[PDB]
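Enquirer: For reference, the chains in residue letters:
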Amino acid sequence: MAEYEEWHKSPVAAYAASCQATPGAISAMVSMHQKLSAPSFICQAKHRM
Amino acid sequence: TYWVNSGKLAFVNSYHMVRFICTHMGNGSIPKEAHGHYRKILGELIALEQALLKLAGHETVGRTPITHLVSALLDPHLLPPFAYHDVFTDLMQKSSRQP
Amino acid sequence: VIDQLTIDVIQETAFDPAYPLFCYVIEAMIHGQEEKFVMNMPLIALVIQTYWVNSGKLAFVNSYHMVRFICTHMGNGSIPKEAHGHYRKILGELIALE
Amino acid sequence: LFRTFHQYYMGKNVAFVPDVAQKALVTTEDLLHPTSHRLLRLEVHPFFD
Amino acid sequence: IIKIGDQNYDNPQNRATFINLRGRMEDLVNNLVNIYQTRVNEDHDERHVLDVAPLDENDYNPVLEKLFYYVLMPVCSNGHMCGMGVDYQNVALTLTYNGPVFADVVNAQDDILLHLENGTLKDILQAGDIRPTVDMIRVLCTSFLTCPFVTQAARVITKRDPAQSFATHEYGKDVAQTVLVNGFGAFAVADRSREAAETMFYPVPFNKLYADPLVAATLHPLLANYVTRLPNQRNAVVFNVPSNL
Amino acid sequence: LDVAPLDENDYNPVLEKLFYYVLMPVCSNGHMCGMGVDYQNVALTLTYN
Amino acid sequence: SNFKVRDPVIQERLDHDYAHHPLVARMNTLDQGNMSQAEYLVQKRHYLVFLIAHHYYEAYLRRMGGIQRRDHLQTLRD
Amino acid sequence: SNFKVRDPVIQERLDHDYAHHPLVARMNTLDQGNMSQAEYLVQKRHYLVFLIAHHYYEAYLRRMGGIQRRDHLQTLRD
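Chains as they are written, first to last, in the numbering used here: chain L, 928 to 976; chain D, 67 to 165; chain Z, 65 to 162; chain C, -12 to 36; chain V, 10 to 254; chain B, 372 to 420; chain X, 299 to 376; chain P, 299 to 376.
Bound-form chain L, shown alone:
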């Protein structure tokens, strides 16, 4: 591994260590994988994310 080169950096593993068992934490991880790109932001500003 080279931890500076993946789609999963360090603070993804730091959030999964302190997750609760709640089903809201399932949808937190799904809403986490938004891509920080420019044509992602169009898809959230439409739906008011």
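Note that these hints are calculated values from the structure, not bench results. Where is the CB? At the ideal position from N, CA and C, for every residue including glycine. Hints may contain errors.
[Unchecked claim] Anything over 10 Å on all C-beta distances counts as not near chain V; from chain Z, calculated: (1) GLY120; (2) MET138; (3) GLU146.
[Stated by the list, open to error] Rough simulated footprint, nothing fancy, chain B against chain P, three-plus residues with beta-carbon under 8 Å: (4) 320 to 326; (5) 360 to 366.
[What the hints assert, rightly or not] Partial list, derived from the structure: chain C residues whose beta carbon lies under 8 Å from chain D: (6) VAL7; (7) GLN9; (8) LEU12.
For this one, chain L is given, so just place chains D, Z, C, V, B, X and P on it according to the hints.
Expert: Frame of chain L; chains D, Z, C, V, B, X and P shown alone:
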């Protein structure tokens, strides 16, 4: 033996074992109490990708759709980190990028 | 008449990955007929019972004529009493809508 | 009906979306934003389409 | 106007040339070899005659059927419903050509899979986990006699309500609907027995509440190729339906 | 690299990705490892007795 | 296979394996016509499907005739 | 033991204790080569693992062939 002795269920570990207990084995071989909890997994895990298609647009950019870009769960260049069926020759045929 | 508990049964059958294919073979052979269903009522009382005991879901939900014939033509204890109650609540709803 | 089904999806590589099927997915605030002429242009009458 | 393929259907006085009825099975025990003669000889790609049962006005009511398919099933299934079409003479070829059905030496009240061979019925009855008796499948064999032909679609073009008969063009006064004759809508078929469904059934998308790609990709592996080549059409709202349906 | 061939109908890419990256590190609170196997030692235990 | 469904996997030649059956004599009475040798085996198999169904339905109507008076009440005397 | 796993504790010499077996005659047909006397006992044991697995899989495919028509329906006559 494992759902009756302890209150816990085995084979949670890999995806393919969880998938095969639901698709195959509609039997009464494993208990109906423990049969539901495997079905709740795949019943929800399919219900997540329905929501991921509501956000991702019906429209595209070029040959590449917008759904491939907006979330990394739908981006096929992310691979599941355990490979049992040959992923790599499928990904080279469909990538606009260089794999 | 329909409660949220019976929609919870109908929705679990719709998302079933292991729904039996054999109850499509029956429904294709009945194809919504009065006479042809009475000939097969000792068979569909086994497909429903071996799908309600093996899993919490219920079969023959596809078309209207199979749901209508189960509520009216049995009136008995062939289907288990809990499983037959969910079919009566469907036609209790549809009549109350009209 | 296996013939008309199989003539249509054989080598289809382009998928078209009508004017109606791309309005029912748009939210109540994306349709009025001025980056969308084309959906908003044919919003002429309440009763018709 | 009913459009059975090419020929329009206008009057009730021309009923016999377009609609062929089939009544009770007990009443049709005489003319029943004349049914099978039309299974082999006739061309069913250009038959233009639909087979339906005669209906009794004191038995049914169309509103309960209409409150079922248009209200209660799109809600409770959340729109995972496709119009499954049946090839009927290939269904009973699995049932009647069994061997424990045909041989009268086998006991009638005996279990099926103790005597049955490696075919499709060993794989279809392994899905439902059913242990029927030999009397049970043999009654299902008898339903092949008045069994209809391939599932057909008839487009019912009617004029609009008198409060709605204002239109831009001339076809705009007529609203239409395609009703799948002798077919039935069905859920997502089990992935352990898609091989058996590939030998019996095929999907017909014909309506907005009954054209779902995640159901229709199960029934035929060419539409499973279509959904996975371009994932725009994985929604029910977006999915493309043929122009002949 | 010895891998069984891919069935196109049963490959199913997104659902494997929702299980491995989202639903497992929540429910296990990030207590997971990659396991290696020595396969010819697996037969000598199971068979040779 | 663009015009029909896939054919099911079933073991061939039920005629040689059992009969000893009167309805297989009815199968041979079907004329070959202009169909080939391979196509004659197909449509003869489909005609067996019709004979089994017509047999068991004719047997079924005799079964659902119900029990009758004169034959039953005579046997209750013994 | 920096390059391999620990060896399991299993009782030695299955050949002397049972056979009376045809697959142990197949074991002796394996050539020694340049391997030593202690190393020949190791790789002959590994070759027994292959013979047992190839035997029971060949026996398994005959078992899952299923029951067939002509042999079964003839025995139902009696």
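Enquirer: The structure should be examined with respect to each hint, and the outcome stated for every one.
Expert: Tested hints:
1. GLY120: 15 Å, holds
2. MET138: With a cut-off of 10 Å, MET138/Z remains clear of chain V, as the shortest Cβ separation is near 17 Å.
3. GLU146: 19 Å, holds
4. 320 to 326: Result for this restraint: violated, n = 0.
5. 360 to 366: violated (count 0)
6. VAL7: 12 Å, violated
7. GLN9: 6 Å, holds
8. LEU12: 7 Å, holds
Hint compliance for this structure: hints 4, 5 and 6 are not met, and every other hint is.
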